[PDB]
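Please build the complex by placing chains E, L, G, U, S and D with the ligands on the supplied structure of chain V, with the hints as guidance.
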Amino acid sequence: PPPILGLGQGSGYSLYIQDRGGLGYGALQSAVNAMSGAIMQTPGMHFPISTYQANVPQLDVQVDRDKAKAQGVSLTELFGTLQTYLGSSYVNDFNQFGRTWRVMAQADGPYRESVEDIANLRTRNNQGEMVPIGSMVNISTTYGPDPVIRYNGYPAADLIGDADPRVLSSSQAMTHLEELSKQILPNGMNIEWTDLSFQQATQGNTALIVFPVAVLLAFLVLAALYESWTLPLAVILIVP
Amino acid sequence: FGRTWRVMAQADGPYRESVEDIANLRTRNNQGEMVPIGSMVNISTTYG
Amino acid sequence: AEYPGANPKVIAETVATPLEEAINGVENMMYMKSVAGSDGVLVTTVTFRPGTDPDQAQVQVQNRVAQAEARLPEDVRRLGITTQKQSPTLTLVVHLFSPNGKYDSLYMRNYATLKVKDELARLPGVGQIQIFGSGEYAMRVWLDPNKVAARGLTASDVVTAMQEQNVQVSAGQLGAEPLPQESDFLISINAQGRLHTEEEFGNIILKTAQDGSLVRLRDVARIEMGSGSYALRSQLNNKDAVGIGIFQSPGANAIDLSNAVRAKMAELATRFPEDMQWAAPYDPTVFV
Amino acid sequence: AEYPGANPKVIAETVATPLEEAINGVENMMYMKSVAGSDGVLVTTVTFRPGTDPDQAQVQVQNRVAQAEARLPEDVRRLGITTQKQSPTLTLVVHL
Amino acid sequence: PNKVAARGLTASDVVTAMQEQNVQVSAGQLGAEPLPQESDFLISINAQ
Amino acid sequence: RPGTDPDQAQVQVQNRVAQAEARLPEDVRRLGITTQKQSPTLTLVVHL
Amino acid sequence: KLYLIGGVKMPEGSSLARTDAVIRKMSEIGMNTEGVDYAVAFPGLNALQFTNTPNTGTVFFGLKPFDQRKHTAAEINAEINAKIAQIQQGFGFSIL
Ligand SMILES: CCCCCCCCCCCCO[C@@H]1O[C@H](CO)[C@@H](O[C@H]2O[C@H](CO)[C@@H](O)[C@H](O)[C@H]2O)[C@H](O)[C@H]1O
Ligand SMILES: CCCCCCCCCCCCO[C@@H]1O[C@H](CO)[C@@H](O[C@H]2O[C@H](CO)[C@@H](O)[C@H](O)[C@H]2O)[C@H](O)[C@H]1O
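Residue numbers (the UniProt record's numbering), protein chains in the order written: chain V, 673 to 912; chain E, 769 to 816; chain L, 49 to 336; chain G, 49 to 144; chain U, 193 to 240; chain S, 97 to 144; chain D, 577 to 672.
Please keep in mind that the hints were generated in silico from the structure rather than gathered at the bench. For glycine and all other residues, C-beta sits at the position ideal for the given N, C-alpha and C. Any given hint could turn out to be false.
[Unchecked claim] Pair ranges (Cβ atoms, derived): (1) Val787(E) x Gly299(L): 49 to 59 Å; (2) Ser807(V) x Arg112(S): 19 to 29 Å; (3) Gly770(E) x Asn727(V): 18 to 28 Å; (4) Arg771(V) x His244(L): 52 to 62 Å; (5) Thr795(E) x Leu672(D): 20 to 30 Å; (6) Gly696(V) x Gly128(L): 55 to 65 Å.
[As the list claims (entries may be wrong)] Using 27 Å as the maximum straight-line C-alpha spacing, the simulated DSSO-like pairs for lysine-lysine come out as follows: (7) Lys195(L) x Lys739(V); (8) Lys195(L) x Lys585(D); (9) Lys739(V) x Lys255(L); (10) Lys163(L) x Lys81(G); (11) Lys165(L) x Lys57(G); (12) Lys133(L) x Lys133(G); (13) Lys601(D) x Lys150(L); (14) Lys312(L) x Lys81(G); (15) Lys133(S) x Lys81(L); (16) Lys646(D) x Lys585(D); (17) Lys312(L) x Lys601(D); (18) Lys255(L) x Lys741(V); (19) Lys312(L) x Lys640(D); (20) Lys741(V) x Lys195(L); (21) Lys57(G) x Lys163(L); (22) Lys854(V) x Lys312(L); (23) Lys601(D) x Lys287(L); (24) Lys163(L) x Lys854(V); (25) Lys854(V) x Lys165(L); (26) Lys57(G) x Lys133(L); (27) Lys165(L) x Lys81(G); (28) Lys81(L) x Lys585(D); (29) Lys640(D) x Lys287(L); (30) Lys133(L) x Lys577(D); (31) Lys659(D) x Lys195(L); (32) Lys57(L) x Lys585(D).
Chain V with its partners taken away, still in its complex shape:
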């Protein structure tokens, strides 16, 4: 586990690849695959891990609105049957046990298990009869991500990896992976840092002024005690 709760891994990197042009989810998945390969073949860091998976299958139900008007079934009744039966509908609240709980209406489990189930739910037409909706819908298969991830308002994918403080410190592994990001890069897609990395990527490093002023103060009070601008050094040079 991590040393602390709330930042990430230990030493290492957290990164986000984002698409600013609309390259699509397949392009993002190919980008993350090529990257993770590159990070792996870099000797120190191992295979990075992500939650992005664009190869989740799903079903697309397109509607023939022309055939819908031809058959006399309203488009909203079609979408309503889809909604209530397959996606559940929030009805209202009820009070029980002294608390308030949701009421949910949905088709029972074994009536929404197959594409024939999608075709088999029925809505009403202008002639008042009950008609199956499969005649007006075209269910196909497609591959997309689950969950959908956005970073800073653009579609994105996360990439957090293990470190190698005995090989490549995070500070220059950061610019290494920046060189890889320029390497495996489509125009309109970029990378941005997060968690500790963002800090290291954007810190107005102040240690480079605290260390001087500290040794200056030490030398100065030593001079005061020693009545010499030359004796204090005889101590400040013995610490290394």
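Frame of chain V; chains E, L, G, U, S and D with the ligands shown alone:
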């Protein structure tokens, strides 16, 4: 473009330039007939 | 607040008046004013005693507008009403402009919205950026009333057709609980019903003719993606432009911040289309 | 936010984008992310600069969300968005 | 309620009638955009 | 407690009612919940 | 302050196109003026309220730095003002 925008519905400019253009807009009565609104309204010049 | 197509009179009567009845008495308030124009926009400025916490003032004002929103007109609150503290000290005004004429103020303002606005507001020291010019993109369906009435249709009918036929919807999943045995697969269902282009909107079906042919929206209207506001133009050197007003947050380094925004604009320089450039017509940090 | 029955894409496009649009511009926000799941749930995390006041951050974010609510789909509005500050100070976990 | 019922009317009927006959309305303006030829005047329209 | 900043208390109570709104009946959440710092002290009374 | 504030009020009931014409004319007047680097134009902007009214417009004349100018901003103001007082279409002004 990755953002969300409104879709608006209004008469095109050249159909809302005159008072008679207002009086000419039509709607549906209780017998299905298309009637212009000018018969049921008064349109007056004023200042504000 | 916004009330599209409303007279200043009724904006004052039914939007400004109830709001004002709500915000009055807010803590540390010196005075408030309400300006209601014929562009359908109400702006209410509440000025507080000096030394008042701006963030605290903002939360109190939005508390009172939240109490007020119930009695506003439906279409006013459907667009939302935004409460925000003002950053008074302007540090730089930039302009995107098109010297030859390829781009109009609409395109450049929305390019500002899409590409430079968000990456300027996240710079170290800004307090508020403001856009001046044209308006945000909007799918304008310009109806012809005569053609609409010819097909026996009313404006309400057209609006209800656009509402019924331009919707997302949640198609659910295949193989989700409850089930008498464990399922093997989980498959989400997509049933997209949202239109994305002008032609799809023009393809909306309104009615069926005695012909039996489908009456469509483009039969009675011109469809375009134009502007949501035709109320303010922006030109730099008589070429079409959009003005960005940058306001720093108190405690910042104005010189450093102006240098930072200028360098950022030079970074976005690489990604501009041709015939669109930028300028800084006014820099108020030079004084200090 | 909850959009019961919605797939990740519709949630991202019709809930996450308008909310992110209404949140962007809140002061001292250093970054933010949105996660849309097949369970119909959107979790948007806005992380602020260190030393920020989490209560002011929460109230400002919740105010922007409340003003964006009207442009959200009806059932999402009816279920209600919730803003809350996330705490890292886990002290004990108890199981029944 | 005795008179309302004597006219075959319900409390919902009268309530909705009051809802529908005391309402503000927006009515745009004459000479507004978009126009193929630039307009000279912009005349706001008030409906009450 | 005495000496507590009423403004900070107001903001915190407000944040927590905001987080609790989704566990309340829809009829309540619809009407909105108000949170104002207030002392029950009638400081004076003016009679007309 | 390295800029001048000019504007126009047109007859009540005018359209934004007429204001646009007048504003473009005063803009080009400012350009043909020496020392005015820029003519930032917002036709439709009311300078007093920063609201949008159809018969008013604003234009800021962004002045060149003094080391490249040879006229004091008050003198540019007087010259531009004498130039735009010739516009009969409406009431135009330029102030410090
Ligand atoms: C035997 C029982 C043990 C119970 C253990 C419970 C603690 C387990 C903690 C899981 C790992 C801790 O590691 C922590 O992971 C969380 C969750 O992703 C990360 O958290 C990240 O995502 C969360 C989710 O929105 C954000 O709120 C947070 O701001 C961000 O940093 C932390 O950056 C990382 O430090
Ligand atoms: C030269 C630019 C900088 C000028 C300095 C500003 C100081 C003037 C007093 C402060 C008042 C600013 O008041 C400002 O009003 C303008 C009106 O266009 C609003 O600006 C608006 O412009 C466009 C077009 O109308 C809208 O589509 C947009 O949503 C909004 O940004 C600002 O949101 C508000 O902050």
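Hinted pair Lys163(L) and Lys81(G), Cα distance within 27 Å: holds, 18 Å
Proposed proximity, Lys81(G) with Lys165(L) (alpha carbon, max 27 Å): The given pair, whose Cα atoms are some 18 Å apart, holds under the 27 Å limit.
27 Å limit on alpha-carbon distance, applied to hinted pair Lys854(V) and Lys312(L): holds, 19 Å
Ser807(V) versus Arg112(S) beta-carbon gap, inside 19 to 29 Å or not: Since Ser807(V) and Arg112(S) have Cβ atoms about 52 Å apart, the given range 19 to 29 Å is violated.
Given hint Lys640(D) paired with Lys312(L) - CA-CA distance at most 27 Å: holds, 24 Å
Distance restraint evaluation - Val787(E), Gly299(L), Cβ atoms, bounds 49 to 59 Å: Once the Cβ atoms are compared, 57 Å apart, the range 49 to 59 Å for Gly299(L) and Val787(E) holds.
Hint consistency between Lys640(D) and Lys287(L) [alpha-carbon to alpha-carbon, up to 27 Å]: holds, 19 Å
Hinted pair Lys601(D) and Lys287(L), Cα distance within 27 Å: Status holds; Cα separation ~13 Å.
Hint consistency between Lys165(L) and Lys57(G) [alpha-carbon to alpha-carbon, up to 27 Å]: holds, 25 Å
Satisfaction of hint between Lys150(L) and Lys601(D), Cα-Cα up to 27 Å: holds, 22 Å
Restraint status (C-alpha distance of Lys133(S) to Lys81(L) at most 27 Å): holds, 25 Å
Supplied distance hint 55 to 65 Å, evaluated on CB atoms of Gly696(V) and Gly128(L): Violated, at about 31 Å.
The earlier numbered hints that this structure contradicts are 2, 4, 5, 6, 8, 16, 17, 26, 31.
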